[PDB]
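So you can see what is in the structure, the chains are spelled out below.
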Amino acid sequence: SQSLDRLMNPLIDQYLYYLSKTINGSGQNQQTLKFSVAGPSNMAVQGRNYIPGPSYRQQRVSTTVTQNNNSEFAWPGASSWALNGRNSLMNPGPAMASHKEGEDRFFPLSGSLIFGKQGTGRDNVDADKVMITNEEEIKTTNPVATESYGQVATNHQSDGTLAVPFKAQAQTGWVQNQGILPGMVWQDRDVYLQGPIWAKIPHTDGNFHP
Amino acid sequence: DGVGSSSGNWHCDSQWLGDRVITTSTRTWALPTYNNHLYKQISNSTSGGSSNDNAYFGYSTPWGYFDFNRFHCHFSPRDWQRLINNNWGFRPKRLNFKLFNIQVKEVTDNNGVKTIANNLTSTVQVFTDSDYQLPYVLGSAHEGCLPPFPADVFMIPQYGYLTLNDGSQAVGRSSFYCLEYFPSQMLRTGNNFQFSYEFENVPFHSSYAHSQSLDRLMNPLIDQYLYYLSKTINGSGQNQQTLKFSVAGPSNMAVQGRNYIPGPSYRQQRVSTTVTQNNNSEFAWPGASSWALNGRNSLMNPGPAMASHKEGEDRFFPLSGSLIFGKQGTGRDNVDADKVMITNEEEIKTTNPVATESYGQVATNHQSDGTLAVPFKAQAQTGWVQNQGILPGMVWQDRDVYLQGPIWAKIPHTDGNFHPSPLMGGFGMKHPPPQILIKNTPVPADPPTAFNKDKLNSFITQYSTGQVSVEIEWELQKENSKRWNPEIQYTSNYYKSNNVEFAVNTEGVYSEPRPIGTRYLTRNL
Amino acid sequence: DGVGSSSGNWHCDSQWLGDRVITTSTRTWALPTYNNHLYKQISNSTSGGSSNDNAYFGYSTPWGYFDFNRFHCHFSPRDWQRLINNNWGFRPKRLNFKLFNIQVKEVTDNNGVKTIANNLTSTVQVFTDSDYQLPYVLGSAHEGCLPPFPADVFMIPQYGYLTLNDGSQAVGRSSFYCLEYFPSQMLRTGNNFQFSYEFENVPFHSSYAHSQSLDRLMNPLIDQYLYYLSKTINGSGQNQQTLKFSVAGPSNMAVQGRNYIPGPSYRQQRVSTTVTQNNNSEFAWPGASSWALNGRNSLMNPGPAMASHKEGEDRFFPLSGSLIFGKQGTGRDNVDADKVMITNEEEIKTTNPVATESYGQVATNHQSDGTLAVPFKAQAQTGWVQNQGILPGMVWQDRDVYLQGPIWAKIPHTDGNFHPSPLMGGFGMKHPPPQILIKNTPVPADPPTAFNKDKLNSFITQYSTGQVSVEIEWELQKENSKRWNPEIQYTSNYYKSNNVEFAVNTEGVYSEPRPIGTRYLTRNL
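From first to last, the protein sequence lines stand for chains A, A' and A''. A prime marks a further copy of an entry chain. As numbered in the deposited numbering, the first sequence has no gaps in its residue numbers, which increase by one up to the final residue, 638. As numbered in the deposited numbering, the second sequence has no gaps in its residue numbers, which increase by one up to the final residue, 743. As numbered in the deposited numbering, the third sequence has no gaps in its residue numbers, which increase by one up to the final residue, 743.
It is possible that some hints are incorrect.
To be verified - Reference listing, derived: stretches of chain A' covered by chain A, where coverage requires no fewer than 3 residues with Cβ under 8 Å from a Cβ of chain A:
| hint | stretch |
| --- | --- |
| 1 | 266–274 |
| 2 | 379–393 |
| 3 | 480–486 |
| 4 | 498–511 |
| 5 | 535–546 |
Hints listed in this document are in silico derivations from the structure and should not be mistaken for laboratory results. Cβ coordinates follow ideal geometry from the N, Cα and C atoms, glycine included.
Next comes chain A alone, as it looks inside the complex:
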C-alpha cells in the first residue's frame, strides 16, 4: 500500500541537499553551483535508502491490435538469452510490473503467464481465447517490464581542459537491463490458482534468489 519512491514524511524536509542549479540563466560563462534542500515539494530528488529491483526489458504489445506495429515481431523483437549457441525466450523472466498506471491494454511480449480459457485450441488462437495475467500489484517495488529502469551518465560534462577544446554537455544512456545492486528490493511473481506450486532448484554451485 506504499510505493518505494514515496516512502518519506511529506511534511518535513530532509536535511540533505541536492544540486539544483548549474547556471545563472541565459548567457556565456555563467556557471554556478546552487544547492537546495530536498523536501516535500520535490520528492524526485529526495535521498533514498532502497532502490527498485532488477530489470530485463521486454517488448510492449497492446491488446488493441491497431496500436501494434504492422509487422511480425513475436520472435524477432523478443528478449532472449543464449546458451551454447541457441536462443531461448526469456519467458517470463524476472518479476516486473506488467504495465504502468493507466495502461492496462499493454502487456510484455513474454513477461506474463498466459493461460487458455476452456476448450481453447493448441495453435494460433485469438486473444479472447486466452487470459493474460498481469503483475501490476508489484509496481510499488519492481520496475515496469516494458520500461528501461532509469538512465546513467555516459560521459564527462565539461567546459574545456588542456587535453581537448571540445566542450561536452552531460549525456545519459538508457539502462535496458539492470542486474542486482546493493540496496535493491523487489517482490516475486504471483501465484495463481491455475499456476504451479513448486519448482526444483537446479543443482549448481551458485544460484541467486532461487
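With chain A held as given, fit chains A' and A'' onto it using these hints.
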C-alpha cells in the same frame, strides 16, 4: 509523584568501559499543538506545487515525534574523536529513553497580550510504535532532531506520512492511519515515560581506511606463474599475426591475475568547486543520474558508495554522490558553495570505483581477420561500462558515517534486498528504534449550554515542555594494528583563531566547523 | 492520585482472538452545564409546535449521558471489513467502561473576554442506571454518540425523557424523576470511574445472505409425488367442467408443495430516486404506512424487515422502510437525495417479502355454478393481502446492521412481545448496557451576607473535559462454507480519486462514503 517533585534528573554524560561506551543525553523540548488537533489530508495540490516527479498524497497529523537519529545527538565532538581515533568499529547495543518533568502551559490572548499560565490537570499522550505498524519517517534525514548542544531547547517536529498517490489523487490502496487508534500513555506533570529497546544484531561500522589497494595486493618481488597475452603481431606489415605470452610480474602489475574486483558502480556527473572549469549551462537536474519508479524520476542521491574523486582531484565532487550539510545559519535555498560543506568518500578508493569514472571497459565485438561469412576484418572494440551491478568476487566498503549524519535506517519490508546497509550511511535494521509519538491532549474551551452534535472545534491554546533523555550503549572494536608507522588521527589545530572550533561564539550560537567522518585508522586489505 | 498524575491511558486498539474480537476506543469529551442546573418541564407548547401526533410532555434534565450505541464507535472501517468478510455472525459478550483524566474548567467573562481557568476542587457526578429504573433513551437512534474518528472531540448530549401526555398536558400517571435522587460518584480530577457489564445471551446476528431462495428449495430433477389441480374445464363451451390433476415437478415449480413460507409483511409505498417516475403530488405523510396509539399516528419507520425492492428495481425504495443516513455536512431539513444515503435490504429477498409488494392473494368468495339458495354463478375471486401477520411455518430474516447504525435496543417491559429484535436492527435486550449519566456539580457564585431562603440561582460557569474508553468483547461465528465458488466480499476500489474513502480530506473532516452492511457471505437455506 505530584506537582512539587521532579520525575527525573539531568544526565548527559559519556562513560567509556572496556569495549563499551554508554552515551546519555538530556535535552529540553517544547511541543506545540499541530494542525489544531486535526488530521488534514495533504497533496502537492494542497501546497500548489505541480510536477509529476514531485506529486504526493498523504496525511498531516496532530502528533509530534522524537528523532535522535543523528550521531551528534549522542556524541560530543570530543567523544567522537575519542571513538574514531582508536577504534576499528562500533555498533549500537541497547537504547533507553526517558521523558520526565512534563509541564503543560496554557497561553491566553487578551487584547493582543500573551499570558502563559501552567495547566496542572492537562495531559500529554505518548506511545512508541513498537509493532512497526505506522509509516516510519525516521531514516529520511529530516531536520528535526535533538540538538547537538545540550543547552539548546528544541521544538518537536510534526509527524506526517505519505501514502500511494495517483499524482495528487489517492487510490484504493492508499492507507489512512489514525494515531489515536493506538494505546497511548497519558501524563500530567507528575508522570514520566520510560522506554527500553535492544538493537538487533548489526555489523560493526568500518571505522578505518584500508592501507592497501585492491589492485596492489600481491608480492612486488616474485612473478605470478600465470601468463598473459602480450603481443598479437610482430610489428608493422601485412599478414604478421603472432601469439606471444609473458609472465605477469612486478614490472607489469596491470595484467596480473587477481582474485577480487572492485565493487559496483553507477556513474555520476563530475562538478568542480572551481566554477570556471564547469560547463556554462544548467545541468543540475538534466545531467543527473536518476532512477525511475512508476513513471517518475528520483535523483540517485547519494547512491552506491563510491570514491568521490581520484587521487589529486579534490576540487571535483559527484553531482549527487555525496552528503552535503549546511554549516550554521545557512539558508534553505540557492546558498553559496562556501555556505555548505561537501563530504567526500576518498578513503574507499582502495576498493570502490570512483563515482565519476566508468568502471573499466568490456569487449563489444569479435575481432577478426576474415571468415566465410563476411570479408569485413574487424579490430577489437571496447565499450565503456558506466553502471556495473554486483558480480561474484566483488568487494566494497559502505559509505562513512559522520557526526552530523544519521545512525540507523529501517530496511523496507520486501521479499528481497541486497546488502541493506542504508545508502546515506549507518546501520540498516529490520526493527529500528521505534518511533515515539507525542501529543498534547486537546482541552475544549467551553461547550454551548444547549446540545450540539458537531465535534467541538473550540480549544484552549496550550503547549507542553519537558526533558528527554536518551541512553545508548555502543559496542566498540579496539584497533589492534602491528603497524610501526604513526597513524593519521583526527585533531584540532593549535593556531590562534577568533573562536574555538565546536564551541559557541560571542552571540552564543553553537556551530560545527566541518563534517567529521569515522575513517582515520588503517587496516590491511 | 493527584493533580499531576494521569488516571488512565489512551487505548483504542482492536485485538482479534480465536473466536473473539475485543474492541477498545478512547475519545475526548466535553461536558457543559445543561439547563443552568435546572429540571425544566417541556411540552410541545413549550417549543410551540402544535400537532396531536407530535404532542409531548416531559422533562429536561441538567445531566448528560454517554452513548456508544453505534457500531462505528467501536469498529474502524477496516475492522468492520475484517468482521463482515469472514464471519457468519457475531454478538457482544462483555462491556468495560472507563472515565479518566477529568478536568473541570471555569470560564469567566470580563467585559466580553473569555478566560478559561481550571478549577481543581470542583467535581463531576457520574452514575450508571444499573437497576434500569430511569427512562431509557438509548435505542432511539439519537445523534449524540462517540464520534467514529478517534481524533474527534465530542460534546455530551443532554439527558431528558418523555412521560404520559394529554396533548401538551400531563396526567396523574405521569412520572417525574430527579436524577439527583440516585447515588452518584463524585470525581475531582484525580479520580476515575470504571464500569463492567455482561451482555445477556443474545442470538448471533446473521452476517450472511442466503444463497438459496425459499421458493427454490427442492430438487430440480425429480417430481414431487404430490398432485395439484391443473384443469377445471375442458376448453371452450358450456357445461364442460372437469377436475384434472397433475404431478408437481421441475417444469412447474410455482405449484410445488412447500414446507415453509415467507415471513410477515406490512406494505409500504414505493418511491423511486428517478423523480420523474414519481407521482406529481405530495404523499410523504399522506400515503405512508402508519400505526395508531391512543388516537395518534406514527410512521411505521422502518417496520418489519422486508426486501427493499424486487430484482432489477434498485431505483425504488419503500417510503419509510429503510434507514436513511446523512453523508457528511448534510443539513437538518429538506436536503437533496444525493445528500443522504438510503440503505436497502435486498439480501433478504430470499426469505422476506418485498416491502412494496402485497404478499400474494387469498380467495375472497365461493366459486360456484348454481345451488338452491341462489341462481347466481360466481367465479373465483381473489383479494390482495397487503399486511400479513405471523403464520405457522413462516421464516424470515431480521434487518441488517450497519457500521453507521445502532447495536442494541432495550426490549420494553411488557407482558408479551414477539421476536423482540429491534426493528432498526441490532440486539434486543431486556437489560441492555446501562445508561451512564454525568453532571458538573453546581458551584454557587457567592451567597449574600444576610440569609436568604431562596435556592441560590447564581453559579460559577464551568465545564468538564475528560477521556472515555469503551471496551467490548465480541463473540464471532466463523464462516464454514463448502462452496467452491469465490464469494462476494466488501472491498475498496483501486481507482484514482481525490480522497481516500474513510479518511480525512484536506480540511481534516472525516467522512464515511457509503453505509456498509454485514451480509456479504452466503449460506444455504
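Okay, the hints, checked on the actual structure:
Counting residues of the stretch 266–274 of chain A' whose beta-carbon sits less than 8 Å from any beta-carbon of chain A gives 6, enough to reach three: the coverage restraint holds. Coverage of the stretch 379–393 of chain A' by chain A holds. Counting CB-CB distances below 8 Å, 9 residues qualify, and the rule asks for three or more. Here the stretch 480–486 of chain A' counts 4 residues with a CB under 8 Å from a CB of chain A, which clears the bar of 3, and the coverage holds. Given a C-beta distance limit of less than 8 Å, the hint that chain A covers the stretch 498–511 of chain A' holds, as 14 residues qualify and 3 suffice.
Against chain A, the stretch 535–546 of chain A' contributes 6 residues with a C-beta closer than 8 Å to a partner C-beta. That satisfies the three-residue criterion, and the hint holds.
Of the numbered hints listed earlier, not one is contradicted by the structure.
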